[PDB]
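**Student:** Spelled out from the first residue to the last, the chains are:
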Amino acid sequence: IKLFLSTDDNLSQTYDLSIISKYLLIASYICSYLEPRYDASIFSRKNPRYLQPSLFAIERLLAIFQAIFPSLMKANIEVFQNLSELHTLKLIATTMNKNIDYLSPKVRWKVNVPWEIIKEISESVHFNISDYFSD
Amino acid sequence: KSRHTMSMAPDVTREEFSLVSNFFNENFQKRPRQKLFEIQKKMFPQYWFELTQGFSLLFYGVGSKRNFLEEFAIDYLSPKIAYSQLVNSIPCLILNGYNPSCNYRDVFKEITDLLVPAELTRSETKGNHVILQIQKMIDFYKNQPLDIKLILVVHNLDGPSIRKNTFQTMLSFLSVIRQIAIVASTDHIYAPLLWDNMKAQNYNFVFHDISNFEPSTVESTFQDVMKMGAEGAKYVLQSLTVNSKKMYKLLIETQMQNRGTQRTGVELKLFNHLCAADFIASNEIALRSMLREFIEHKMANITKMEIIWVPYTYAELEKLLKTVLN
Amino acid sequence: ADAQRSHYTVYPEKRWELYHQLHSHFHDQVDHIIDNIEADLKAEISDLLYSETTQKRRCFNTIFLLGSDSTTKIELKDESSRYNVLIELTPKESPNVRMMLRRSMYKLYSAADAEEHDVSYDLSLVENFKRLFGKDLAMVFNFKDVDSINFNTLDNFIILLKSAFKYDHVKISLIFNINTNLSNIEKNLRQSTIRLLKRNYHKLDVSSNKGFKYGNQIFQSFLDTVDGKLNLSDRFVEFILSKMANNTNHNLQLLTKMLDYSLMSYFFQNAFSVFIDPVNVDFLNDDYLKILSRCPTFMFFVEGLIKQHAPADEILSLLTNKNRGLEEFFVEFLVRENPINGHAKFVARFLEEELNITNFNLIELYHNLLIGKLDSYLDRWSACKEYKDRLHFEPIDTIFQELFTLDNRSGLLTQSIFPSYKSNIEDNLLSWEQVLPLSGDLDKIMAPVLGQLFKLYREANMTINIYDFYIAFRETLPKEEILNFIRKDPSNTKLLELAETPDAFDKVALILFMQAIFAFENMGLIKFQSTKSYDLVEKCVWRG
Amino acid sequence: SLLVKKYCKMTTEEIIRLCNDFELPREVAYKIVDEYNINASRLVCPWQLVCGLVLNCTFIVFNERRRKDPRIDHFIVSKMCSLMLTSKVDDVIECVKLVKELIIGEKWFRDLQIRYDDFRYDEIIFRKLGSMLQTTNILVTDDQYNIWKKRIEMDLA
Numbered sequence: 105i106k107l108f109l110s111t112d113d114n115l116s117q118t119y120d121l122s123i124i125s126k127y128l129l130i131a132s133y134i135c136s137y138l139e140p141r142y143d144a145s146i147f148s149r150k151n152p153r154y155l156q157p158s159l160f161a162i163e164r165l166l167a168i169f170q171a172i173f174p175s176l177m178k179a180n181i182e183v184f185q186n187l188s189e190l191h192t193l194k195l196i197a198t199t200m201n202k203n204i205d206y207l208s209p210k211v212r213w214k215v216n217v218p219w220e221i222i223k224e225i226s227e228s229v230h231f232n233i234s235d236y237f238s239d
Numbered sequence: 009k010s011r012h013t014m015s016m017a018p019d020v021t022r023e024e025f026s027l028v029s030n031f032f033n034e035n036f037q038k039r040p041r042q043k044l045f046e047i048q049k050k051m052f053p054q055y056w057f058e059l060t061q062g063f064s065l066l067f068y069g070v071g072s073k074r075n076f077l078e079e080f081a082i083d084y085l086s087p088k089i090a091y092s093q094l095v096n097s098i099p100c101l102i103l104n105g106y107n108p109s110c111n112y113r114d115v116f117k118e119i120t121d122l123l124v125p126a127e128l129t130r131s132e133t134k135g136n137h138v139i140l141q142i143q144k145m146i147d148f149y150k151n152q153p154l155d156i157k158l159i160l161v162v163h164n165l166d167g168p169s170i171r172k173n174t175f176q177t178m179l180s181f182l183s184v185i186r187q188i189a190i191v192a193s194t195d196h197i198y199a200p201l202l203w204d205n206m207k208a209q210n211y212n213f214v215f216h217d218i219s220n221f222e223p224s225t226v227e228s229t230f231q232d233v234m235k236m237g238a239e240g241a242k243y244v245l246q247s248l249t250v251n252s253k254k255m256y257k258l259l260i261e262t263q264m265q266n267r268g269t270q271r272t273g274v275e276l277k278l279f280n281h282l283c284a285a286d287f288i289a290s291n292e293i294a295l296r297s298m299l300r301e302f303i304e305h306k307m308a309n310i311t312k313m314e315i316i317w318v319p320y321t322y323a324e325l326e327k328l329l330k331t332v333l334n
Numbered sequence: 034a035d036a037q038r039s040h041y042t043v044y045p046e047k048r049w050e051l052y053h054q055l056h057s058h059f060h061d062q063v064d065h066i067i068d069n070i071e072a073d074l075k076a077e078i079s080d081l082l083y084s085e086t087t088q089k090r091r092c093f094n095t096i097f098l099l100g101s102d103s104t105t106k107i108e109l110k111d112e113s114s115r116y117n118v119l120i121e122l123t124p125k126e127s128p129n130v131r132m133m134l135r136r137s138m139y140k141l142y143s144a145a146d147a148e149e150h151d152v153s154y155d156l157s158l159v160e161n162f163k164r165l166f167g168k169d170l171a172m173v174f175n176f177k178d179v180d181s182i183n184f185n186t187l188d189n190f191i192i193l194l195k196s197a198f199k200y201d202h203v204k205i206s207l208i209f210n211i212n213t214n215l216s217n218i219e220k221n222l223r224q225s226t227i228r229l230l231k232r233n234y235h236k237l238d239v240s241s242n243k244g245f246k247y248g249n250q251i252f253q254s255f256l257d258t259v260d261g262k263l264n265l266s267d268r269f270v271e272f273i274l275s276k277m278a279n280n281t282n283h284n285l286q287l288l289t290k291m292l293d294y295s296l297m298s299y300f301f302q303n304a305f306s307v308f309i310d311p312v313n314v315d316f317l318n319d320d321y322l323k324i325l326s327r328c329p330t331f332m333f334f335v336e337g338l339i340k341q342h343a344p345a346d347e348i349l350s351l352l353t354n355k356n357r358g359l360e361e362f363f364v365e366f367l368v369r370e371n372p373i374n375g376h377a378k379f380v381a382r383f384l385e386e387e388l389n390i391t392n393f394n395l396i397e398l399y400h401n402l403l404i405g406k407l408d409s410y411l412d413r414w415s416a417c418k419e420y421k422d423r424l425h426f427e428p429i430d431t432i433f434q435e436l437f438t439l440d441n442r443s444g445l446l447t448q449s450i451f452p453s454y455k456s457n458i459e460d461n462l463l464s465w466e467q468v469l470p471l472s473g474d475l476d477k478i479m480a481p482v483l484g485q486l487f488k489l490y491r492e493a494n495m496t497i498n499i500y501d502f503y504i505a506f507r508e509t510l511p512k513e514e515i516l517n518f519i520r521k522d523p524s525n526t527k528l529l530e531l532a533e534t535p536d537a538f539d540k541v542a543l544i545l546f547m548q549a550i551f552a553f554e555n556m557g558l559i560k561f562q563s564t565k566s567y568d569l570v571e572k573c574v575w576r577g
Numbered sequence: 048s049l050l051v052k053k054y055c056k057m058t059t060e061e062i063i064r065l066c067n068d069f070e071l072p073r074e075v076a077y078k079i080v081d082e083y084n085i086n087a088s089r090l091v092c093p094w095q096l097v098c099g100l101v102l103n104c105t106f107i108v109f110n111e112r113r114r115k116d117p118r119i120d121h122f123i124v125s126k127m128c129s130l131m132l133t134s135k136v137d138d139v140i141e142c143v144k145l146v147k148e149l150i151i152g153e154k155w156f157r158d159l160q161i162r163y164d165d166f167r168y169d170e171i172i173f174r175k176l177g178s179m180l181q182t183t184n185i186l187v188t189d190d191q192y193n194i195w196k197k198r199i200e201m202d203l204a
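Going line by line, the protein sequences match chains A, B, C and D.
Residues 105 to 239 in the working numbering are what the first sequence spells out, letter by letter.
Residues 9 to 334 in the working numbering are what the second sequence spells out, letter by letter.
Residues 34 to 577 in the working numbering are what the third sequence spells out, letter by letter.
Residues 48 to 204 in the working numbering are what the fourth sequence spells out, letter by letter.
To be clear, the hints were calculated from the coordinates, so they are not data collected in a lab.
Heads up, some of the hints might be wrong.
So the derived label-pair ranges between C-beta atoms look like this [claimed, not checked]:
| no. | chain 1 | residue 1 | chain 2 | residue 2 | range |
| --- | --- | --- | --- | --- | --- |
| 1 | C | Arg357 | B | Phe148 | 56 to 62 angstroms |
| 2 | C | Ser275 | A | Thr199 | 33 to 39 angstroms |
| 3 | B | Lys49 | A | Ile233 | 32 to 38 angstroms |
| 4 | C | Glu365 | D | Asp189 | 22 to 28 angstroms |
In silico EDC-like links for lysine to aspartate or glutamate, alpha-carbon gap of 20 angstroms or less [to be verified]:
| no. | chain 1 | residue 1 | chain 2 | residue 2 |
| --- | --- | --- | --- | --- |
| 5 | B | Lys150 | C | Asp64 |
| 6 | C | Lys75 | B | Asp147 |
| 7 | C | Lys290 | A | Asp113 |
| 8 | C | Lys488 | D | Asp189 |
| 9 | C | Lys527 | B | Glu24 |
| 10 | C | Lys243 | A | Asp113 |
| 11 | D | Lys175 | B | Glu58 |
| 12 | D | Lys154 | C | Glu508 |
| 13 | B | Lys172 | C | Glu126 |
| 14 | B | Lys150 | C | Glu360 |
| 15 | C | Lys527 | B | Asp147 |
| 16 | A | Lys202 | C | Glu126 |
| 17 | C | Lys323 | D | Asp189 |
| 18 | D | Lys115 | D | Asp189 |
| 19 | C | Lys527 | B | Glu34 |
| 20 | C | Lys355 | D | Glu74 |
| 21 | C | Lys89 | A | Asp120 |
| 22 | B | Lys38 | C | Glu514 |
| 23 | D | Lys197 | C | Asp346 |
| 24 | B | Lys43 | D | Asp158 |
| 25 | D | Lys196 | C | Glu360 |
| 26 | B | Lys327 | C | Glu71 |
| 27 | C | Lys477 | D | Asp158 |
We put the CB at the ideal spot given by N, CA and C, even for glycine.
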């Protein structure tokens, strides 16, 4: 019976990437719903879960990345390392062609990972994400 | 929205700018600048020793580093390494990254001719064989005697052509070879966005700070701002007919009788009659034909009365009055 | 003069030798380990590429090489009376269905003539390859970076290869060098082609970091190369724990880099490096004898000496009152083997095969050894509970090891390898006093050009007006110094006519302001939003 | 807990009381009045800012003794923790780290470092430069060792 109710055509990964790159992913999913009108109020240092993701710019990541990391970090050389590591994984890609995206001209960024793989990778680093998604 | 604007600035001509700029960059902070240059001079034996390990040396820091690299590469290192191996000294191939005309084909065509043509590598030249031709260069170089034969310099590695991604990976495969030393400098604040752990594996970069707060003389040339139109049509009027000066003078008066916007402009009919009043415009065609010359060099605008108005500011037109028209 | 032309070429130790006998000897252990995994990766593809005789025999064999670095090279068998060719397709050479076919047919065709000793570059050659070249064909497809390609092009590509399955003199084999995320790949393709793919798939893992079989290996071969002649401190090795954990793909090339640079630091500043061979005792000097004194374990033991021996006449005599017994006090502790190296090698092979445990990191095993946390190290398997007493070692507080050690007590290779990049730039521009020490009297009363606006650049809004920023910039410049500066030179004439102008100060500010904000674009600090308007700009650089 | 009892003015007589006990010279003692008068306008809490500035200058004017005696560094802060009647030393160091970056964009401290010639300078131009010949503080330095030596061996004999 067991084969007649399953498809068996699919030949859910816990992803290979490192810890600071894991929090680099968890900040990039935040701007699928968090607009700039609300984010700086709710993330002080003092629903579009279905919808298509919005467009980033640079340094809005490190705006959110510095906030949600466990003053405990300041060196950002390895943080800049894992960005183009994530660019080769095609998990965050450029809006424009894949050429000039380095020097800050007008370049917009965006995630390409669905919600579930974000949800497992949140708990994989013990970080809570479902609080900050509020319809 | 009352905003102060760069149009409302006391402007400066071409020869006036560059000369007093040359005064500062050669006399502002001269004594502490060479005082820095003597301090960092003792690091030069340390760079020589690490560079034998094939380490891609990368220089970051504020200010231009172009003068510092050319002193460090040409005069200091390149004869020092030739003397320490035992005859012409080691060939230096700079790459001006601030020059946007750098391609991947041309500089690598220099490279394989700078490197040894021991085999018929033109046989493997075929259609992108560049990564193919350098791969045949790499595995042969794994089994050669370890000595530097070439040092290359890449100024301004975040430059407008070098930062292109098919060029960046090309330099990545060069750096894994032990025979060549790679001494480059960047200036961007987002320069480590350029490399992943794949390329830095090929690169094994190390970093050093050099901040001399240099003015970047050569690196300012290709760059432009509104210093480099109100200034454009300032020169065409200096070479025209004498009547065009007068018909622009009558143009500029009643267009500044009332920023210089649309509303201060004039109708075409009365302006024909006004330039018929001073025995200047015969009719509409003779007016318009030497008004198309002001149109062709974009020296006046028209919107809708049939309003022709000058697109320069309120301050600019009286400057155009008292200097070039008078 | 020539700098606007691009790429113009031009044609213009007692200590260090003891490094030279150590460095290459270590590197013979490196690259020999490198060819081991190189022979490993080349082996496990080769047997698995062959001997797979499926029954339907109308399907290509596919291989997913998960975790692979997109650079894995492959060799092939000769396998006579049949040519076996390799084609590689880089996502740079994947514009369409069309040129992915056309370049690939070109790449095998020259490979076909070179073994053979006018035609059209499409599938026409594939059927006539029996007649065009005699022997049959078995091609292989090294898809280098597979996740960057638009998959519908790849999906339409593989249907084109499906039509070649009716000639029976050709065999197809696909190599999918993914970077990661096999579950991502079965999402992107058409499901009708996954069922084409799922005939004989093989999910071979190729990773440089796979259960640390080489990571723990290369650190082990590091330890014997420096055995007994040095130490590795606790704060050093945790840096190797933390920072190497931040790079998943290639630890092994990184551990070569940060270790060899660390060894380069020791030979370049430490004077007692010569004494790691006891033959060099004749090179001893009072200058060497003076600098031995400030060792922390040296002076602390003297504090241990006085409290233990309240008679201090012996201890005062073995101080700098004598020099022959003083160095003899040193060379007593000179040959300390420090068996933490050997005790590591004792326990490393043990749990490798006695308990047969593989998920372990030898570096933190060495680090927990350095504090005594080896007992709280073996706990995570509960398998050394019968062996925690025989694998036990208390780390002794060894003496004179601070002269033969490696540690980032200075923050050197923290800085010079992992530099706080935009931190060090922003620190350079707010302070500027700890970088820079007639006209220099002006410099003691006026900041340098780039940094003087930077304090107001912090104190400006998100999007700022150009002119009011200059208006604020003119506040920071006092008037009397500039006219003292502009009239400093009597020799030049062309400047002096500008020097006597009564509006020279307000003109020389906008000249100097348009040399600094001109120079804040190549650094990318300030972006000119909405060109041909440039009344307002945007600042992206924040302090953090 | 006088530091948390906020919103009180430290007058011209009051602030010179706060600096003549910590031995400030007349150059900075007027400057503290000068920059409080700068910051009396845009303040948020007057107690926190007035103490955060006085520590880092005493860190830089007494560094010819602070780098030559490590014990007085607790002495200068604890004598203010008794003077300001603070909770512990946890909150006071949180102030001096705070306002130090808040005064790093001003003029006078970039003078006060290079006027006092105090810093050490040639370390920082070799630390920030990334020199291989920089000092590694696994050692105790030769001066402080000789300070340790002459104190102990004369205590010995």
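**Student:** All the hints need checking, so say for each whether the structure fits it.
**Tutor:** Results of checking the hints against the structure:
no.: 1; hint: C:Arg357 - B:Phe148: 56 to 62 angstroms; result: holds (58 angstroms)
no.: 2; hint: C:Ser275 - A:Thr199: 33 to 39 angstroms; result: holds (35 angstroms)
no.: 3; hint: B:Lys49 - A:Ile233: 32 to 38 angstroms; result: violated (53 angstroms)
no.: 4; hint: C:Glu365 - D:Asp189: 22 to 28 angstroms; result: holds (24 angstroms)
no.: 5; hint: B:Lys150 - C:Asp64; result: holds (11 angstroms)
no.: 6; hint: C:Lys75 - B:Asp147; result: holds (16 angstroms)
no.: 7; hint: C:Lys290 - A:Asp113; result: violated (44 angstroms)
no.: 8; hint: C:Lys488 - D:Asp189; result: violated (39 angstroms)
no.: 9; hint: C:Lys527 - B:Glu24; result: holds (9 angstroms)
no.: 10; hint: C:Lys243 - A:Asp113; result: violated (28 angstroms)
no.: 11; hint: D:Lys175 - B:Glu58; result: holds (19 angstroms)
no.: 12; hint: D:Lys154 - C:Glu508; result: holds (13 angstroms)
no.: 13; hint: B:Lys172 - C:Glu126; result: holds (16 angstroms)
no.: 14; hint: B:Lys150 - C:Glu360; result: violated (47 angstroms)
no.: 15; hint: C:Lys527 - B:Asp147; result: violated (61 angstroms)
no.: 16; hint: A:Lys202 - C:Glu126; result: holds (14 angstroms)
no.: 17; hint: C:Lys323 - D:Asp189; result: holds (9 angstroms)
no.: 18; hint: D:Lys115 - D:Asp189; result: holds (12 angstroms)
no.: 19; hint: C:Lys527 - B:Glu34; result: holds (16 angstroms)
no.: 20; hint: C:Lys355 - D:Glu74; result: violated (51 angstroms)
no.: 21; hint: C:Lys89 - A:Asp120; result: violated (36 angstroms)
no.: 22; hint: B:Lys38 - C:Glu514; result: holds (17 angstroms)
no.: 23; hint: D:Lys197 - C:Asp346; result: holds (16 angstroms)
no.: 24; hint: B:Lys43 - D:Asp158; result: holds (19 angstroms)
no.: 25; hint: D:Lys196 - C:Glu360; result: holds (18 angstroms)
no.: 26; hint: B:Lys327 - C:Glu71; result: violated (75 angstroms)
no.: 27; hint: C:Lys477 - D:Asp158; result: holds (8 angstroms)
Hints 3, 7, 8, 10, 14, 15, 20, 21 and 26, counting from the list given before, are not met by this structure.
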